[PDB]
Amino acid sequence: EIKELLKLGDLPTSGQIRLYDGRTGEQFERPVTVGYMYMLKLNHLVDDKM
Amino acid sequence: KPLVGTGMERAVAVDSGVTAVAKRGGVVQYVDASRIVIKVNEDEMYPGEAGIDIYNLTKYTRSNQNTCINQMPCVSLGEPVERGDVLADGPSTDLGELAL
Amino acid sequence: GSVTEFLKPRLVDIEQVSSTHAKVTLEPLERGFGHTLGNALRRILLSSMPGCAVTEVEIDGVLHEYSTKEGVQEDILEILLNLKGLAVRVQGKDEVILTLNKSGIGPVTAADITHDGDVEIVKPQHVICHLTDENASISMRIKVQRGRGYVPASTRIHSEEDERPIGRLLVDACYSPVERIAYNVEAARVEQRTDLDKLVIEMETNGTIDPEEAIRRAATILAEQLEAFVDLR
Amino acid sequence: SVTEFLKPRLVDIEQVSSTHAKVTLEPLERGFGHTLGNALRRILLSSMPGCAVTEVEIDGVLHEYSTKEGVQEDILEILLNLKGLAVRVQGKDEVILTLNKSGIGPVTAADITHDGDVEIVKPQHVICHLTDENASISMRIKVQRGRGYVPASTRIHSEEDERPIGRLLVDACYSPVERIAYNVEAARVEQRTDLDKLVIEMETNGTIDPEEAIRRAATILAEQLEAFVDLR
Amino acid sequence: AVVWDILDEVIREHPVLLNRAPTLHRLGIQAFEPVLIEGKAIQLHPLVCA
Amino acid sequence: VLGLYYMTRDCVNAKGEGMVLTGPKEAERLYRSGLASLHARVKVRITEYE
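Residue numbers (UniProt numbering), protein chains in the order written: chain A, 1194 to 1243; chain E, 697 to 796; chain C, 3 to 235; chain D, 4 to 235; chain B, 406 to 455; chain Z, 507 to 556.
No lab work stands behind these hints, which were simulated from the structure alone. Heads up, a few of these hints could be off.
Said to hold, decoys possible - Below, in silico cross-link-like pairs of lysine-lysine (DSS-like), each with a Cα-Cα straight-line distance of 27 Å or less: (1) Z:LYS531 / Z:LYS549; (2) D:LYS25 / Z:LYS549; (3) Z:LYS521 / D:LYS71; (4) A:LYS1200 / E:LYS755; (5) B:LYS445 / A:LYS1234; (6) D:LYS125 / Z:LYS549; (7) D:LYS95 / C:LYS10; (8) Z:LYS549 / D:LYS86.
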């Protein structure tokens, strides 16, 4: 179902996209996994630790 | 709202105390970043009552961990509201959905 | 033959998909130059395009951002965050002051700010807040200045200008007008040559900056750096 | 002001040799370090023009898998030596030279049939090593001017059957640059921490000094860019 | 500003000791020349961290 | 270790495979131009000391 849903979005079925390094302006040699992640802040702010 | 969920976020959002929930279905008479004024529906109002409910939203209190606790309205004027609906999005809450 | 000869690229065409989305075209290019110049232009454009942003906001009836103005659907912090995304085009001034007043119920958008001849709004439909009462009214005064980069609040308050009035609110700025730059290289047919290639630049911005003008400014700064390099003894 | 950017100063260069150089410059605005480093690296490695050995023919040799006695090295080794041959030609876009000698010892660049318009930077370089005097080396080598680098396989084709028997193909390392290593580092000036110090390691054949190569590349890039320059 | 200049001058060659709890073996504490860096976290070389 | 193992492997068929280079300088130049993969099986004249 994930494969089908990706296929609906006109995105590669393999789930790996080509990428270009910004600093080099060069394409990578391997398709890379690019997606979306839900990130959280963990209350351990360094400014209160150091 | 997180893109990928589990379906229980609605339940935990409802059963938390942060989110204001409409005790009686009705129509919102008035909105404000401080309070919400709901005009309860006639069939739903308790008989012999003013028929207007007021909800006060706590604004920038202090958590037990020194975190801000701000609740924001999530509706506009005149929107119909049913019984048990979510009105004030509390911290980490989005349209009655948990969002950390 | 002509081993030292390199054709000079030109802005062969410019197309305007949208006030936000545009595409420019460079031709001709020597082989390999395409990727190099594309990467360079992308980096420079993302880096150092001047833009006018919002710096200071003063609102009557309030003292600090964590307070509520009566009859306003949104709170002050949300208003500031909305104001962050506003894009204002200035023409001849480094600073400008904008006074916006509104009264009565209604969604107050960017279309309502009292304009000045040297400033304008690219997206007047950019909503700001919502009054929800006829007697309730909101009057605000904003300062828009010209800068480059992305200045956090603490850096600018490090100027330590004495006696800042309490009823003054500071919001950090991101002067960069552009939002996404991509480039592509396509083999073309020019001068009956095969080595030549054509560069296509797609760029989406807030629209406050002309595409060609941005290209010229970036080329100018890059050329300045290169000339500084040439000066090496 | 907004219009101004922190242009660097040519703070130092140290020539590790007549061919090795370390050019360090600073300070630089953010992101400029890698941008300039990548641009200069690509330009030097794929666009600097020059002249180099391209095609080789030998009387006693028909192919790379062929053999010629009197020399311990086979075809491939001497081809590599020819690849490692500094050369500069003035005016002429192409010229053919002849190598011929008989005797035991290192056949160096001095034995090449000299041409006034053609100069070999390092005659001490060893082309071959003849193991006997009764045998002799005789061959012809053509040098043309080109840009950057190109492998033989690029020129290897069936359309090029016009190349006669015993004609060998050599990769054309036109670019005088041997090695280029750009590097970025942090630096602080007047409490501005995000200032970039750029360090270039350059290694070149004796055709030109590294600094001249850098200036050549910079001039080429600027001239190519000059179309969009709106001022003086 | 002179404060920062003096701080730069003082620490040019002055080892400091870095330690992590628990100190299992003798490599748990090591000396390092410090380089002043803006921020609030200690930067480390990867090999020493491993 | 990941990068080193990646760089030390070899493929049967790679870009610019089968060429013969002078020295490591030429190897770096050839790869940076992208004219050949890291995995090409090639002959190189290498020097060493003992």
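These are the hints, each one checked on the structure:
Taking the CA atoms of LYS531 of chain Z and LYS549 of chain Z, the gap is near 14 Å; set against the 27 Å cutoff, the hint holds. For the proposed pair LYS25 of chain D and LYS549 of chain Z, the alpha carbon gap of about 30 Å is over 27 Å, so the pair is violated. Between the alpha carbons of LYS521 of chain Z and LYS71 of chain D the distance comes to roughly 31 Å, so the proposed pair goes past 27 Å and is violated. Simply put, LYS1200 of chain A and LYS755 of chain E have alpha-carbon atoms about 45 Å apart, too far for the 27 Å limit, and the pair is violated.
For the given pair, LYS445 of chain B sits about 17 Å from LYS1234 of chain A by alpha-carbon distance, which is consistent with the 27 Å threshold. The hinted pair formed by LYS125 of chain D and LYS549 of chain Z meets the criterion: a straight-line CA distance of about 25 Å does not exceed 27 Å. A distance of roughly 26 Å separates the Cα atoms of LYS95 of chain D and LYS10 of chain C; the hinted pair therefore holds under the 27 Å criterion. In summary, the hint linking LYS549 of chain Z to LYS86 of chain D is supported, as the alpha carbons are separated by about 14 Å, within the 27 Å threshold.
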